[PDB]
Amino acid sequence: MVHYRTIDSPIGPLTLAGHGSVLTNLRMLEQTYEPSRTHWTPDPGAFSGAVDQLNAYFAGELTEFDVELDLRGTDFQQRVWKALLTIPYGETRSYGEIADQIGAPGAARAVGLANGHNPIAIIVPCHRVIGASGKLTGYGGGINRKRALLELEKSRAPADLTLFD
């Protein structure tokens, strides 16, 4: 059983969906074919916390999420998504680095494919992974969404101006 809520965002309407307070999905679903969504119940007040944190994220005021997640995918996808969760705000990794981390040296391209299937964007940070040649990927506007998120995280001001005096 699954309910959903859509919010505005600088990168487009973000659909949050899941069961109870647990997220199963977070995607900019517009202009794409998503047949699951027809089986979902709208609930304009679900995921109160996640929406606040997302809003705070986009406003620069949040860096670490505290949200309940239920990730579904293959063993290999789960390993990749788990490793994605270890990438700090404002940092990046290469696909090769991620393949090394999950114990599959040489599997950069597989990580790229699994990264593409990430059901929960932003919070599981598939945008923080980039290949050696530096080119963003993703159809349907994906490239521009990723870039937006990367530019936001890079623009982060120092955490405490008092440290300068």
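In this text, the rigid core denotes the largest set of C-alpha atoms whose superposition between the two forms falls within 1.5 Å. Positions refer to the first chain, counted from 1. Compared with the form solved in complex with the DNA:
Of the candidates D52, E97, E30, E68, the Cα that moves 2 angstroms or more after core superposition between the two forms belongs to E30 alone. Core-superposed comparison between the two forms: CA of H117 displaced by less than 2 Å. When the rigid core is held fixed, the Cα atom of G140 travels 2 angstroms or more between the two forms. With the core superposed, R156 shows a C-alpha displacement of at least 2 Å between the two forms.
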Contents of the next structure:
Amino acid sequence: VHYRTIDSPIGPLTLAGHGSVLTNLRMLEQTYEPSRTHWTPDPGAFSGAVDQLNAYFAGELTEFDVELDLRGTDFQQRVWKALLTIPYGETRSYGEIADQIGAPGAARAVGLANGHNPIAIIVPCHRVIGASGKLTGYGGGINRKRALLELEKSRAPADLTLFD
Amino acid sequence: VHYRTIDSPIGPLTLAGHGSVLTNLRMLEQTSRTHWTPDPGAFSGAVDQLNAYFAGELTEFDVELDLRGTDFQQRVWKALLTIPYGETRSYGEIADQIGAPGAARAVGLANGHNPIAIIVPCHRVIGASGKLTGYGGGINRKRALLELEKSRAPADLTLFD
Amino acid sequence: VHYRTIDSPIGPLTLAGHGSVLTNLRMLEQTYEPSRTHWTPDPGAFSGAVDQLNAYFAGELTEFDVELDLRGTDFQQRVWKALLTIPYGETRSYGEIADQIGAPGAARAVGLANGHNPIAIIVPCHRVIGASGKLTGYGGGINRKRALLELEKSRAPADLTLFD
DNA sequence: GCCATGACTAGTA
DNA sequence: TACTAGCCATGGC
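Switch from the form deposited without the DNA, shown above, to the form solved in complex with the DNA and output its structure.
So here's everything in the complex, that chain up top.
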């Protein structure tokens, strides 16, 4: 299992997976770090994705063509699959997904499922929010989530939104 | 408004209201009684029934109620009244039943604010896990009343399980 | 208005008031700063109240003999008055207090009123907790809340509880 | 338009 | 058991 850390406007992102397939995408200081058992530094890895992320922040990207290995509970899976439903710039609520995937009255259970997302950004755990419309939490900081949302309505540098 | 305290297996019940219409029924140490005048001759229709209930004979009250409270509380309480004797529903089920699904916690609090205990069968609402989860005059009373309605016979004893 | 700032196990406390009657008592980085308008420092001030606090933190003093002047809402005064009810070493739920000043349903409301208690220990906003058992929030952080509650529970300095 | 609430509910370690 | 990135109705402010 190979891993690579690139820079970003919200800080270093660390991608990981097998060959060309991402298993992980995490940030600096976000809760629930996976055990990184058998991880190897590979500077040239995930070049496809690495390009695409850079573009995303640069404004020019909206849909992510990448290969993913999502490993986790069928409830967790069913959720995360739904997250990719969510288009660029749009937002859904915790409650709404619990409906979409047919687990009505599981609005909170999603809470956990979002946080155990192993592949941030590309799987958009940041596009899910409270029914009132408030950011309730983010693995890597509530403010970071905010910066990622304010990118997607106005193409505003997360470099900035981040210190508000 | 005029009021009267009586006994029961679970200790003093205070009934209150105006004329023969009942606004409150409160048991001891529960979760503002201004202008209230004690009148030990009142609500005897109600009081009769409340003994019958505890004897395990009455299973359908016949009293006039005055349920002052918020819109959402009315709707809840009114829904409490549809729960038959010796059955039970979840806080969820009620939420659904009043067409405000996913409010069940709120049902909890409306349920908390029942101004008229027992006759409004708020104690028959329970957790979807079957858990008791709390009652105004304590959990042990809740258990007692439920056990009573199950057995159609006094569960005076159940207060000390 | 005089004030005097003294040391304590939970960080320095500042007492203010007129002559010998206490109007405020607050901690560092406490939520809801009041304006210190026309405050002038008096390092000999309130020596009654002081020698009691040292004794309170030594676990010896249990009931404060002190003249207060509280200022706030019709309601806020009801709540704060309800607080001097609570004996050393016991607690009450938020809503429990609500009931006791004849205003059921106002739990979340008593929330704020504590927030705004001008005198922090002597009037024990710290002895008020969520019915869940979990302790909900505190002016100078839960660390400090926890510590005080443990102090009363042990009749013994709990100045490590800050770090638990 | 803010919240230091609470008789809920749903999945994991 | 007991954890939560939730929820909805509140009552002051």
